[PDB]
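Shown below, as structure tokens, is a lone chain in the form deposited without the named molecule; questions about how it binds or moves come after it.
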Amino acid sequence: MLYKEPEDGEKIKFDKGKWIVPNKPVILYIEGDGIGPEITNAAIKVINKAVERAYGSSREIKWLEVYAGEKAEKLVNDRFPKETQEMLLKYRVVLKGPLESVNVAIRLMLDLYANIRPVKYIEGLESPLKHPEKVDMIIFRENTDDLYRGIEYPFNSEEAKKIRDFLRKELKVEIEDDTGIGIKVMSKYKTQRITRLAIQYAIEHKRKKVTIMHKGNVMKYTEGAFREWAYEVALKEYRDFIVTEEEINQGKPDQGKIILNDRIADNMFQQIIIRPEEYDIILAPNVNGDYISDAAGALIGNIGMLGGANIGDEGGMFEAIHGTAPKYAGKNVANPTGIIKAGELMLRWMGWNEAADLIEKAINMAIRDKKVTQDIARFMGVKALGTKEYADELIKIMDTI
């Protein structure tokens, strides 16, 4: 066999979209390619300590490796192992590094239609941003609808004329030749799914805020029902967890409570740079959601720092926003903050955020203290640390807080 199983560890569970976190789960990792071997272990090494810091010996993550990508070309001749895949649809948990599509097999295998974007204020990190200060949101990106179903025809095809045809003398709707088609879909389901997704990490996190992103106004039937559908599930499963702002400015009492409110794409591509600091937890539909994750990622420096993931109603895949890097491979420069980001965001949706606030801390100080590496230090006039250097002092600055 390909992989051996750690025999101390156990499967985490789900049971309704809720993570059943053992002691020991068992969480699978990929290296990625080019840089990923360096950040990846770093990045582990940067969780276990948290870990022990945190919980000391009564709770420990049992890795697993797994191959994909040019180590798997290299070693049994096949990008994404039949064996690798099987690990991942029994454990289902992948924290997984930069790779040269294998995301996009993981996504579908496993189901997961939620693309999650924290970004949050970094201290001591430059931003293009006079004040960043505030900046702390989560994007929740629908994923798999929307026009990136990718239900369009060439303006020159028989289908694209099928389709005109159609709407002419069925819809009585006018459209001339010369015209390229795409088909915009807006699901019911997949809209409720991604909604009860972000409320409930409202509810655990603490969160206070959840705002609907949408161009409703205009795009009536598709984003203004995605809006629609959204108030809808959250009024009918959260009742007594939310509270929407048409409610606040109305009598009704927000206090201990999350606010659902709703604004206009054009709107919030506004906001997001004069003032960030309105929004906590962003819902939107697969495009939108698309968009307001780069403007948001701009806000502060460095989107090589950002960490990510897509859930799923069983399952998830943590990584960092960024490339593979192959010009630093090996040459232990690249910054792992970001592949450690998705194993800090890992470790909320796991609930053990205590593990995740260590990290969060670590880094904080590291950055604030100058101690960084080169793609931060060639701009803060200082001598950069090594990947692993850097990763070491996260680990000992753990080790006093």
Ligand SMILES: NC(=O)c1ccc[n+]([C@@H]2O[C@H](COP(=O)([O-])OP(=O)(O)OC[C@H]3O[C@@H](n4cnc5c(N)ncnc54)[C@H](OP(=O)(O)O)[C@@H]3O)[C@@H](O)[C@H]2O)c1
Given for the second form:
There are 2 protein chains.
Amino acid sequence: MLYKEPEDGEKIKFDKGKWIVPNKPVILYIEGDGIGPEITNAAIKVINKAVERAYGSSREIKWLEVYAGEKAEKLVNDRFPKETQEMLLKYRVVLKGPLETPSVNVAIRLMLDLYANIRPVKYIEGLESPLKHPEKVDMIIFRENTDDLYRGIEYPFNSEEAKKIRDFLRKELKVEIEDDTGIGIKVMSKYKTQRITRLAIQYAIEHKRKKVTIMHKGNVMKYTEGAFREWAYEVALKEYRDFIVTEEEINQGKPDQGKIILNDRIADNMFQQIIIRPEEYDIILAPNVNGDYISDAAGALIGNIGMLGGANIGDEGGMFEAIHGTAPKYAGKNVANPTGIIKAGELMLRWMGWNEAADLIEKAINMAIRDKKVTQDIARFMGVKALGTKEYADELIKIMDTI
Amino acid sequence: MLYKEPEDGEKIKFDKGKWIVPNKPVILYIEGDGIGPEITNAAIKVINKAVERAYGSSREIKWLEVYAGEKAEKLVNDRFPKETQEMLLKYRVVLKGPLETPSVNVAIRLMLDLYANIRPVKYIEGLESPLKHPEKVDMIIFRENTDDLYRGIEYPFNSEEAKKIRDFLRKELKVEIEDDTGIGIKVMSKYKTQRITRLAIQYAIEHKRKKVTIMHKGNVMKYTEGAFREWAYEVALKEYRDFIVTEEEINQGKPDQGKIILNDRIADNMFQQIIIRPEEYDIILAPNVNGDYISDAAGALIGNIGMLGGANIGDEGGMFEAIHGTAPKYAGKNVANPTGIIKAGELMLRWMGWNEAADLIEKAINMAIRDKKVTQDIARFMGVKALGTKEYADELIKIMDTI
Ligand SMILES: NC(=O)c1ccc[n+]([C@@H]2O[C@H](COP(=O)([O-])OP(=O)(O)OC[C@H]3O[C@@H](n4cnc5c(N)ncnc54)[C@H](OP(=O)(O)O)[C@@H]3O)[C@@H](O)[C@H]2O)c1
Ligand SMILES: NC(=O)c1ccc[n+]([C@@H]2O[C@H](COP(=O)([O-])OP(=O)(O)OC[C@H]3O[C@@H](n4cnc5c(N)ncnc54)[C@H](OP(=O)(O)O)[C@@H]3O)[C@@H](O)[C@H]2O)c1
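I would like to compare: after the form deposited without the named molecule, may I see the structure of the form deposited with the named molecule bound?
Expanding to the full complex; the earlier chain stays at the top.
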């Protein structure tokens, strides 16, 4: 066989969207292409120190590397070998480096049905920003990632399918539509909306987040994004009644002191407020297309998109990756910045409920960057000698040793 | 007749989209609700000083007030009187203050087929900003405003229409869709795309602009946003061949000296770059939804939406207004900032080819701010005494008399 499963650890379990983690959970990891190996191994080192520094030996991640991408092709002549697939369906938790494509990421998300795209973006003390006052940027985007126009139901204007549609709309729905038109079908599912929503609220509860904001354009798209809003409130008030409190209730007399706030904002407003007063957002709940855009903008609030981490969560598993590519320019040069993959580590740790260790990582990074101990991607702007990938991780390690 | 048309003026003519303006053009204006009267009259006063200062007496705007809104309800018992519609269909150019929606804006747009939403947004020395470096922010968003999901072709998840759509797509096109789904139809028209593109390029030529960037999400919406991109390039490479050069051609060998650059960016990249380096944008050519969102963000860059002008333009007419509302709390208190509407007039002036008057207005505003001579909405932050509406306008007038 290709992989030797660590007979020392146990697989993570899920009763109903909730993670049940063993003290020695087996976690898979894929180095990635290009800078992948250098930054991933660095992260794994940092994660371990953080785990031992927070729990001593009472907890330990039993890492299991699997092959995917260029390394897999070179070893077994298959970019996504069957055995890799088997370990993924069996352990379902993976930290993976960047993969190039001319799609492993797609396949993984689909076989584990990771419908929720999670994007946390928090300001890091020390980093330059395009914003004058980003000190309070501490939000996390929950993007439904299987619905909306991403379904791909569209047709060219000169196609026969488009014609059948125009014809059908004119007769049955009495809707007027010209011939020179491209056509796409925007779909919004109640089940899909209730899924992400339940996940967004459960997350707020367990991590003491104080607000969930539903992003939508329900005034022009009443039955798609409008319905998204409705279904979101609906399931929130029916299944999390004792934990939440709408905004229309707060300014209605009801008490919110000790509960999670749930409000909604028009797409337009958010694209404006994220720039003017981003501190207003805590958890952002959005359908597929809006969350994609909000994430791009949110992500831009802080310098170097390469220091952000993210994930794809399903009801029984998750994939954690940095928000960047392979950067073949630096492959094997010990120059790339591992903060991105490390932050995916921070995120994974939080999902696992191992917050003490995730806070250690978050704290060491803050301290290292404010202390001018950074990689070239940052050093090149603060006039200092950049640290290498390996040296930087180690600096994070010794820092965690005394905080 | 209810309206006394100035016998000294002439209507503005139209040739293939080109505004043919007499020296004594008649221009309709609507005071609007709330601060409308105060700000609109001040705009007219500054616009007339700009025109005069730039062209002495050889040109003059023959202003014609028409009634719309609550003033219309009060004088002739009609929110959008018949006499007003007739003046609009005849003169086709109007400067309109903010109107409270209880409708008129949409009705004017439709009756004049003003399909293009135009939003210029550029930095003003002295104004606060969310960005640390807004200095080179100087762009104009050209939004197609009659296509896309705004057409309203959508249906509730439990309507009989929705089930017909699901059945149709299932039997005729073989598409799998669950029953608990809201359904919306995104339409992208070749002709609507082509005309907005003609307007943008034509504006670029006319005003010595050098770059047109197409905003789209064609990688996921290939036949709608993607077609918008293809179609835009098409009309550009075929009808303005010796006026523009594509980004592909340039970084391929083609010389760009003496030509307008035409390129395209994926929507998500623009939500990032508009924040990190907006200076990279000149003219943004986008379809309905994208343009809406980018505009929201764009105008958020200056941080005083209430100082932005905008317009709706067709092949034979234009509506110019401020991006703010009726601000009822300040109605008739001579406190409201008139820069928004004045800016709308600046834009009207440029569309008329009266760039000299327009430049005067822009320079005056820049100076008034630089010299801390502003209305309260700005005084608040620069720690100086505030000028009233009336006084801020007379100051701009005092300034244009020196530049
Ligand atoms: N989740 C994923 O797996 C994922 C996501 C996006 C893209 N990709 C892949 O990336 C490949 C091409 O890369 P790209 O050039 O398109 O995006 P990239 O690999 O992310 O390179 C983008 C730029 O950002 C900087 N950068 C990226 N990672 C960095 C790091 N770890 N440390 C410091 N700086 C970093 C580099 O700045 P410099 O100019 O200083 O070199 C580089 O020029 C594509 O084939 C695509 O498949 C994968
Ligand atoms: N083009 C249009 O006709 C148009 C556009 C937008 C909205 N509206 C209409 O406005 C109506 C209600 O008003 P809204 O409150 O919804 O509009 P708004 O855009 O929200 O105007 C009110 C608020 O925005 C600020 N503001 C707007 N213009 C200002 C100015 N010229 N100077 C100083 N501050 C200004 C003020 O903030 P501060 O209190 O801090 O000074 C004020 O409290 C709606 O029914 C809607 O239909 C019309």
